[PDB]
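Next comes just one chain, in structure tokens: the form deposited in one PDB entry.
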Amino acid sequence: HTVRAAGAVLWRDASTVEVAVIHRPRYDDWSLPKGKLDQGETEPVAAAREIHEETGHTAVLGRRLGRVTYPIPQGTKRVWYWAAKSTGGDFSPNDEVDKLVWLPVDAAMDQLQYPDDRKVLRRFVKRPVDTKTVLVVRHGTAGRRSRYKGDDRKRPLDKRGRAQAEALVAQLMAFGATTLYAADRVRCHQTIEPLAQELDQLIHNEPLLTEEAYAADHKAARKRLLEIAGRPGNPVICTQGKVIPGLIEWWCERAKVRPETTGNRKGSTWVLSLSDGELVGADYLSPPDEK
């Protein structure tokens, strides 16, 4: 059996980057915060939970730092790691962690004993970490254009898609979503309506980011993407299957960013990490009810 886990390089602004290293009595080891996925939990949601459970900090996830695989007695441990900025809380000793230290990255590398954690910290230092995040979401499942009676623009999410929309709230809050944009289609708006309620935030309607608009004027949609991305906060943009591959691929080619994963599924999220207006990460997340 392979055990699926997620964790983070939790860091704070000391005033100046310091990274958290945790000590576990059981092993007498120093490592990065991580833990197993609960039933129905996505990797990002688990990473955020495990930060809170092991360090007592609240954090916002940024750039994905790849995956590690190592043997355990039970078989194989597989862990996805995120950069995560502390936004609050404080260390409290718990059932697994008795000590936490905050170190500059060079001192943290020496403190970490496992090769796979040092691999992860090397990925963390290679690019900026004080990032802002654009979250590009394909709308949830919404049935078939082929069977819909009515204006197709009005076609609503189906039951599965409404569940994806509810499950995206925890997914997008883990990345500190703060502002909301949707293509001018009901199924796009309904996908981030639950997040809108959680944030008490209005969704801005985007006629330039529909399939029809994108197909006829790609350049207007690319400019509007960069305009949204330039605004303060972490925007969510919910759009359609025939828009997202083109925008992501165009931005990754121009920035020379290589996505480690890829897909275009209904309910999927691209996590675009920006530092000083430059793309530094493009992280594909499966739909919350897939994997």
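Throughout, rigid core stands for the largest set of C-alpha atoms superposing within 1.5 Å between the two forms. Positions refer to the first chain, counted from 1. What changes on going to the form deposited in another entry:
After superposition on the rigid core, the Cα of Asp151 moves by 2 Å or more between the two forms. The Cα position of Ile72 differs by 2 Å or more between the two forms after fitting on the rigid core.
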The other form holds:
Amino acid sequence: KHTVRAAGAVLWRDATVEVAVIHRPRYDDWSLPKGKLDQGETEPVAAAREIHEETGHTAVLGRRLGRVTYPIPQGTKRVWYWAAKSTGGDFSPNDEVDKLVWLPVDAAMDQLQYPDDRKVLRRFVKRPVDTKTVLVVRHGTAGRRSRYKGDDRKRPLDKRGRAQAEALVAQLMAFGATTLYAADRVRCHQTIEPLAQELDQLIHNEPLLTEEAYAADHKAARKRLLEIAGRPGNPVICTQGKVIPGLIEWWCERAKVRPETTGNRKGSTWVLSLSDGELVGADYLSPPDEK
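Following the display of the form deposited in one PDB entry, present the structure of the form deposited in another entry.
What comes next is one chain alone, with no partners or other molecules.
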């Protein structure tokens, strides 16, 4: 009943792609790279780290590919998997991973010994993998709304929320975030300011994506989400709890995309995978300091 949290990846390069399959001497197994989350990592951060450590490759994460669980003496191991596009590197054999083979999917399917790995690979080929990514982030914890009407424009992140913001840097960088947007509320800007410092980039202010604006004019909000998503790069858009569910649900509904997980917590992230402008995945990631 105790859960050991882990993450891994289908690491690919180039139907036309090759995927990485590893061998480990300790188990004599052929599998997909994965590993346990360290203290304070989220799944995407651990996936990217483990890919680097076990294969030698840096990568950009894309679509999430489901969850595998299996029993271990400690209880239950849970592994969430991502598609990860290689951005270079070289494997060197060691005592932990002595071989790495790059294989087309069909031969990878035969090489992989665990039925659960084969299911992850089936998910991987179900949809495009050369995707662009929009990251929709609910701002971090910011104390409690006041007694006043509507919204407190300037209410800042609290101590927990500032730490969420710092913890979102690595998570959002795991997906190759390049450009930054925040609704016209101080708490939304503050959530992505650590990432803004990291990238040395400006945050574009988005008055059409605040709670008040969405309630006044939801079509303008939807149109602006698509405008942003259409630009080159992988945008991060930080907004509010009354806005996100509605935008996500509308997009999923119209593109017939089924999210495997649901939520709307402060500090959470929706990873929206796009192929030639079409939505092909919608993956809800918990806040960095929650399970």
